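K.L.:
Listed below are the residues making up each chain.
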Amino acid sequence: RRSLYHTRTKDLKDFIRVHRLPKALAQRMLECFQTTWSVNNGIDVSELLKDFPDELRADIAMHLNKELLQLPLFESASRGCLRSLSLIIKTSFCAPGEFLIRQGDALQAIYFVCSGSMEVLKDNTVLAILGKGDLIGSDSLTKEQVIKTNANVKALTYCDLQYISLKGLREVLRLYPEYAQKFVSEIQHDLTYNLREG
Amino acid sequence: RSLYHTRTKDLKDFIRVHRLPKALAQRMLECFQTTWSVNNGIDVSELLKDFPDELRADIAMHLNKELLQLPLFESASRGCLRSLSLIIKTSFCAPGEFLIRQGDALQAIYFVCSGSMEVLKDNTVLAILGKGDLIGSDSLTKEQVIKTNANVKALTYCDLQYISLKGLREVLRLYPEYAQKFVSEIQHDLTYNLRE
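Protein chains in written order, with PDB author numbering: chain B, 548 to 745; chain A, 549 to 744.
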């Protein structure tokens with residue numbers, strides 16, 4: 548459950564087993580996997596509760612209290628909107644040295660640090676240190692336009708992150724135009740660091 | 549491995565880590581088995597998307613996917629079939645389990661490696677599908693939503709292969725000349741057409 552890195556690893560190992568791939572190929576695959584890994588590139592986009600009835604969805608959301616959604620950024624969101632966001636927030640642990648985002652990659656979500664610390668590196672230059680309560684992403688998220696990240700973000704210590712994929716977020720925001728306008732013009736505010744290259 | 553069993557485990561993790569009371573959890577599992585369908589829970593992960601071209605080629609050479617053996621793909625180039633092969637998913641289905649529920653957006657094209665399936669519209673069994681049948685629609689390329697015109701359910705245990713439509717469109721984009729024949733020849737192979 549807890550770490551995308553380990554979950555995706557099991558998936559890759561599963562894949563390898565059922566196609567009965569030789570050890571040498573497997574080894575090359577596993578090697579390349581860890582080498583290129585970033586949380587941002589392997590996020591969980593499944594939406595398990597999508598088709599549950601509203602009552603069941605309401606009852607589930609009532610038992611959640613996601614830290615991401617406690618930011619001032621969400622103060623003006625309606626109940627329906629927060630409930631829908633809460634149901635698509637995912638989590639992952641990050642180990643020290645693990646890449647959250649690799650520079651120049653398309654941003655896949657906005658990320659929230661529950662615990663731990665991360666560094667933002669342009670090249671090998673530390674632009675920033677992030678910790679508890681920080682929000683990582685970009686300022687022009689509502690557009691369908693792809694977003695290239697302007698730096699690397701790596702876990703310094705063990706980290707716990709929450710996130711919402713940009714596609715999940717845009718879809719909810721459209722359902723709630725009024726709050727969308729406030730989200731847009733306040734994201735730049737609470738955004739601890741902006742990955743938008745440009 | 550069953551996608552259904554996989555997703556069920558994911559739902560149970562979710563219940564467990566959020567410490568949901570047991571009556572809510574029961575409602576969730578019941579509603580999960582009740583509304584479940586493969587089409588709505590397919591695997592869109594692309595674990596191999598960023599591997600080097602040569603490692604990808606070495607992986608593809610070890611695959612020979614039954615889906616891709618259809619005459620529909622006869623004219624596709626090597627690069628094209630390699631691309632397609634690397635994003636073919638599979639799922640084992642249990643008897644009575646829904647592949648597709650009528651009225652849902654079609655998410656992939658599906659291929660029957662084994663087993664028997666019932667195409668049911670309302671309460672009328674239109675057909676029984678079996679090894680080698682291709683289930684899909686006639687649009688596919690067009691970026692639009694396709695609402696399905698029938699249910700498809702497993703009668704026996706079935707092996708299915710499938711390629712998500714998003715995935716298919718993306719490869720077809722890279723192989724224009726083949727894309728044209730695909731759009732033509734598909735009728736010849738489409739065993740069942742779900743488009744309303």
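If you're looking for bench data, these hints aren't it; they were derived computationally from the structure. Some hints here could point you the wrong way.
[As the list claims (entries may be wrong)] Listed next, the in silico DSSO-like pairs over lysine-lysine satisfying Cα-Cα at most 30 angstroms (straight line): (1) B:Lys557 / A:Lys557; (2) A:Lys695 / B:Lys570; (3) A:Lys695 / B:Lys637; (4) B:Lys714 / A:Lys679; (5) B:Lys695 / A:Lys560; (6) A:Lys695 / B:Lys679; (7) A:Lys714 / B:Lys695; (8) B:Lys690 / A:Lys669; (9) A:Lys669 / B:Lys613; (10) A:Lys557 / B:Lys637; (11) A:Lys597 / B:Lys669; (12) A:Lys613 / B:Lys613; (13) B:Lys597 / A:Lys729; (14) A:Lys690 / B:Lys714; (15) B:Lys690 / A:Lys679; (16) A:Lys679 / B:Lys560; (17) A:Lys637 / B:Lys557; (18) B:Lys690 / B:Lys701; (19) B:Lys695 / A:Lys570; (20) A:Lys701 / B:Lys690; (21) A:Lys714 / B:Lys714; (22) B:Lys570 / A:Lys690; (23) A:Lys690 / A:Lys714; (24) A:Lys669 / B:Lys597; (25) B:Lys560 / B:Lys690; (26) B:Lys570 / B:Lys613; (27) B:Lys557 / A:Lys613; (28) A:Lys714 / A:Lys679; (29) A:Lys637 / B:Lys714; (30) A:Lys597 / A:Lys690.
K.L.:
For each hint, tell me whether it holds in the structure or not.
P.N.:
How the hints compare with the structure:
{"no.": "1", "hint": "B:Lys557 / A:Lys557", "result": "holds (14 angstroms)"}
{"no.": "2", "hint": "A:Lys695 / B:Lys570", "result": "violated (43 angstroms)"}
{"no.": "3", "hint": "A:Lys695 / B:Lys637", "result": "holds (29 angstroms)"}
{"no.": "4", "hint": "B:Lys714 / A:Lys679", "result": "violated (36 angstroms)"}
{"no.": "5", "hint": "B:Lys695 / A:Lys560", "result": "violated (35 angstroms)"}
{"no.": "6", "hint": "A:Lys695 / B:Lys679", "result": "violated (44 angstroms)"}
{"no.": "7", "hint": "A:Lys714 / B:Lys695", "result": "holds (21 angstroms)"}
{"no.": "8", "hint": "B:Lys690 / A:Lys669", "result": "violated (39 angstroms)"}
{"no.": "9", "hint": "A:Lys669 / B:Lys613", "result": "violated (42 angstroms)"}
{"no.": "10", "hint": "A:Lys557 / B:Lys637", "result": "holds (16 angstroms)"}
{"no.": "11", "hint": "A:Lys597 / B:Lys669", "result": "holds (24 angstroms)"}
{"no.": "12", "hint": "A:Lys613 / B:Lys613", "result": "violated (43 angstroms)"}
{"no.": "13", "hint": "B:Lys597 / A:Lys729", "result": "violated (36 angstroms)"}
{"no.": "14", "hint": "A:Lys690 / B:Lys714", "result": "holds (20 angstroms)"}
{"no.": "15", "hint": "B:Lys690 / A:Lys679", "result": "violated (44 angstroms)"}
{"no.": "16", "hint": "A:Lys679 / B:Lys560", "result": "holds (28 angstroms)"}
{"no.": "17", "hint": "A:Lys637 / B:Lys557", "result": "holds (16 angstroms)"}
{"no.": "18", "hint": "B:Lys690 / B:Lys701", "result": "holds (26 angstroms)"}
{"no.": "19", "hint": "B:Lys695 / A:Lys570", "result": "violated (43 angstroms)"}
{"no.": "20", "hint": "A:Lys701 / B:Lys690", "result": "violated (38 angstroms)"}
{"no.": "21", "hint": "A:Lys714 / B:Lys714", "result": "holds (14 angstroms)"}
{"no.": "22", "hint": "B:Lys570 / A:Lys690", "result": "violated (41 angstroms)"}
{"no.": "23", "hint": "A:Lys690 / A:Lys714", "result": "holds (11 angstroms)"}
{"no.": "24", "hint": "A:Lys669 / B:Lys597", "result": "holds (24 angstroms)"}
{"no.": "25", "hint": "B:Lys560 / B:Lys690", "result": "violated (36 angstroms)"}
{"no.": "26", "hint": "B:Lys570 / B:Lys613", "result": "violated (42 angstroms)"}
{"no.": "27", "hint": "B:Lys557 / A:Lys613", "result": "holds (22 angstroms)"}
{"no.": "28", "hint": "A:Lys714 / A:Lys679", "result": "holds (25 angstroms)"}
{"no.": "29", "hint": "A:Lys637 / B:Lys714", "result": "holds (23 angstroms)"}
{"no.": "30", "hint": "A:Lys597 / A:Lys690", "result": "holds (23 angstroms)"}
Hint violations for this structure: numbers 2, 4, 5, 6, 8, 9, 12, 13, 15, 19, 20, 22, 25, 26, all remaining hints satisfied.
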